[PDB]
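My questions will all concern the structure given below.
A protein chain is absent from this complex, but the other protein chains hold their places.
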């Protein structure tokens, strides 16, 4: 009776780069099949506008700020990671009988205690850092050359992939390999006779922009070189989703599986993505940076052919997956999301009269976002707080703060209140970022929460 | 095992009760408890303002040791006095006591920081730093703001609660809290365990709002604010009388230890008087953290006496624990002492031991050390001063120049004591925390410099 759960996460997939969310040029039929026979979300938000903190939030069900994970891990490697006392959704499900697998991108710590096998994943196949070169014919020779030279700090994008701690020699284009291993996983799950949970973390369409010629050949009308490469990268994900769906059907798993497909953040416009109609992209507190595509699919439980128009947070997946699995959640875990299912079924706002936050730090100041009901408050580029009616003004073109003073001020002060239990960052993505953090007396919330 | 009542007035000045020298405000019911018990001429709180003082009372620890050196953010927060420091209420509750808290909290409004999770079976009051006194005034303002859609409403006008459910209060807040203190000790009769009551009045803290009937009792007080203040204190005294008539009615009075005190010194610009002490609220001068206190407990606490040796608010935790038969573990790191053995023998419970105060400011800190007859003072970025506080209670005569070695030794022991102070877990305003970080605080290089 308890359903299987598949969380598919594309990396830097732009808002307009799947068909079901308005793509005019990239075609994603297998992903679209899941949308057409399920529900898509027009107001889905991640907890942070870039990779590491967004992913920390997905797994922990907590705003990354609450657990010191506001920054990506140090790009050249580290002995730190998402804190081990915050129980991952995989570990919870595993403790309630689920068979658990994770594939592809991790970027939440490479130490023994931060490794997927210790965060409640029985199976893991992928690469532990922030991304990876896509062609083994290219990356394996570079790693061979650097290792034989004696070097220990080798760029994590060319290191060998692993399976449960043992290295492997990958042969296929990485997107295809991860898809293949997703098939292998759900095939292994047939014999287990428990429900299963799969975290499928594709690196596509994250840099570097490397695509197969066979995928790029499907977009002859895309004249721009990078956009074409990107299109091929996304299509490879779509082929993967089709390959996984044929395997689920083969095993009679398809009907009792909740599939969630989403992005971890907004697309990067300078690396082939499109976020139409949203402003800006990756790393912004504008909508482009943390409003993402999402679909649910689960026959007879998730309504087919619908589009859910109320705010949903990536933080909601933790308690929602838990509720659907029959897993008790303790109050000592401090989950920032909500079980969105009661409100989803009744077609009501699961965050009625409640804020959804984004807060991205920069050098000496912070950009911020608040989404509640129809309203979107925006703090960006050291400007005064702006307010938009995001239902009417999705592109954030018309600041109506001047005629809503009390409402905006109230929203900012509630964020100010919310800020106090944010931990100091446990790391930064670069050594100079942490020096500057300390030099600038951060967080400079005097700037961030100043009002009229 | 005795019942225990800790009554705490908020910003009650040193000279604003009769038993501690008031010439103008009259407090007969409070004075009754003094007359038939023991008052304390050298009683000190752990910090010269509300939040950290109260954190210390409940935890038995200097607030600096647990990151609670500042009042909680004035516009609300998700933080509070850390949950791993067990409150005296929780300890007593685990040793069979029925536990109640009334009025002011100001130690965290989250589920895990709420009174019901800090070991209080009953709670009636308001969770923030204070409250407007008249429901006729505050409830319409809250109705208007709530219907407007606003979520960050000023905590002084929000509705009071009883164990997490809201209520619609009808009386002047001081009288309501007194009434609920009666209701509590009445509920305690049927329980047949001993009880503990934390009665945290907001009077005479701002705003200065008094009943006309109380102000009418001070026709000779010409100053408007002092009159209002006087009426506010008198309302507390009426409350204490109403509680005492209830204790007698239930035959609880004879087996109850009542402690009446202030959380800190009075604020001179808001109607208080701290005579004969210098300065007031927030100072490391005596005015800021030397407070009135009485114990009352028939046959156990001597009647009509005045105890002249130093006592700390930190002492109430282990002293209440000892009197209740509650074991205290060393892993708790209590900074106070069980003052009862020394109290009975009329000896100094802190003989040859310092009592500290340390209040932070913008880019520097003021400090105080009280040991035996001596009072060391660091204030206003001046050199350390020393006073013989037995002879010189008003701190008029700095005798540091002729006691160099002693002063230096005292400061160095404070310097030693400072190292396990945690970084603050919050500040009362966002700018205070920014400045803390900008100024590289604590600037203990200034605070512990000697010559």
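Things worth noting here:
A and B are the chain letters, set down in written order, and residue numbers restart from 1 in every chain.
One rule holds in what follows: a residue touches a chain if its C-beta (ideal position, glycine included) is under 8 Å from a C-beta of that chain, and two chains touch if they have at least 3 such contacts.
Residue A:434 is the one among A:3, A:242, A:364 or A:434 that touches the chain missing from this view.
Listed by residue number, the positions of subunit A touching the unshown chain are 74, 76-80, 112-113, 149-153, 427, 431-432, 434-435, 438-439.
Residues 330, 405-406, 409, 412-413, 415-417, 419-420, 440-441, 443-445, 448 are the ones on subunit B that touch the missing chain.
Throughout what follows, only the chains that are shown with their structure count from here on.
Subunit A and subunit B have Cα centroids lying 49 Å from one another.
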